[PDB]
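What follows is one chain in structure tokens, specifically the form deposited without this ligand.
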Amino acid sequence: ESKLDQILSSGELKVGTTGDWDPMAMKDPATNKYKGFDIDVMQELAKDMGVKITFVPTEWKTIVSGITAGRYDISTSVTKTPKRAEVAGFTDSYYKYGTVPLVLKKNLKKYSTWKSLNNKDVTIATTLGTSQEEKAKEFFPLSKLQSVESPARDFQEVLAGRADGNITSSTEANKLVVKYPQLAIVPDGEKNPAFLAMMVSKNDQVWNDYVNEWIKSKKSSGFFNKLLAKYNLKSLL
């Protein structure tokens, strides 16, 4: 009666997801169906296990507690953090991201490094009161901050010329440079590397191990490379 055996014996995998993250897990507002990277991962897992999926909705503020309370067997992707790992189990990670700077292309050679952006002659846009803004103060302590109030977005300041650069996740940046092809990522590496993984209960260790082995097998078979590419996701190495 391991959680693994429970899933297998009942024919049912319960998956917690927020359904609000393009392209990882999106609930289509019309069809009610889920789609996205994580959904594909889960549908592959369930297929391989011979079980059906029950999607359990959750929100960002509650997705951790839903694991800990046993509302679902596994979550879709979330950032692995130490404080979460105190209360929830994580699978192996299959996507790595970090924080990167965006500038206008016209300014890419001028602002080719993190150091170039930490200067009293540089303006960094941020969103007031966010953790991202605290990070900007850490990375660019000499720079002027153009701190805009939500829901104004940092990157719009850069597009407008009211700031020289902003910072965001590589994930979001990779979307942004497609949507706004006047933007570029500063090619000087990523800060604060972080990992996406699935949560499982800390009490469901065999299930954790099962999923870890499955992920390793899917890495080797090229399944995750396929999916990454399908969603234009560029995992850091």
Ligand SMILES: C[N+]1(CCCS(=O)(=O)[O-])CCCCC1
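Residue numbers count along the first chain shown, from 1. If you superpose the two forms and keep the largest set of C-alpha atoms that fall within 1.5 Å, you have the rigid core. First, how it differs from the form deposited with this ligand bound.
- The Cα position of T68 differs by 2 Å or more between these two forms after fitting on the rigid core.
- Comparing the forms between these two forms on their rigid core, the Cα displacement of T54 stays under 2 Å.
Same protein, different condition: the form deposited without this ligand was shown, now please give the form deposited with this ligand bound.
Below you will find a single chain and nothing else.
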């Protein structure tokens, strides 16, 4: 009695999404249309299945519960975690991210390593009260900290030369180095690597297999790496 059967017979694929994640899954302000990388992924899957997508709004706090309860067939991208996998299935991953450091480009030879940013003479900008700030204290215990309060942005301090570096997700960094060509990712790998995947019911092997099969097929023609580039996004190796 797999969801695969129900999706094909009904002609409808139900997709749970928060719609508040630029540029993975957003709603267009005026029109209220869903757009973004995960939306295009789901459009392609429904096209290949010969079915229509139904978007089912949810929030971060309930999006996993929407899978467990059967409010939708599949989620948009979420971070795969052991805790989440106790209750939900995940598809294969198509996007790897982690924490990386940003500096001004001109200061690359000076700050080419994590260790170079961990020094009494270096200032690291952080955002006050965040997860990110706690990680900066872990990675750069010898450095001087500039902890600014939202809405002030940590990266703006780096732009202004008031701090030498900051850290953020590779996703955000990729976006920032696009917008501010004067910035660069310190090329010394990433910390706390993690993976985005779609959730499906933990108890429906047949549907889980079907989506993984489709992902494998798409990967063989570079579909996801091309779609990531469409959005100027890039997966870590």
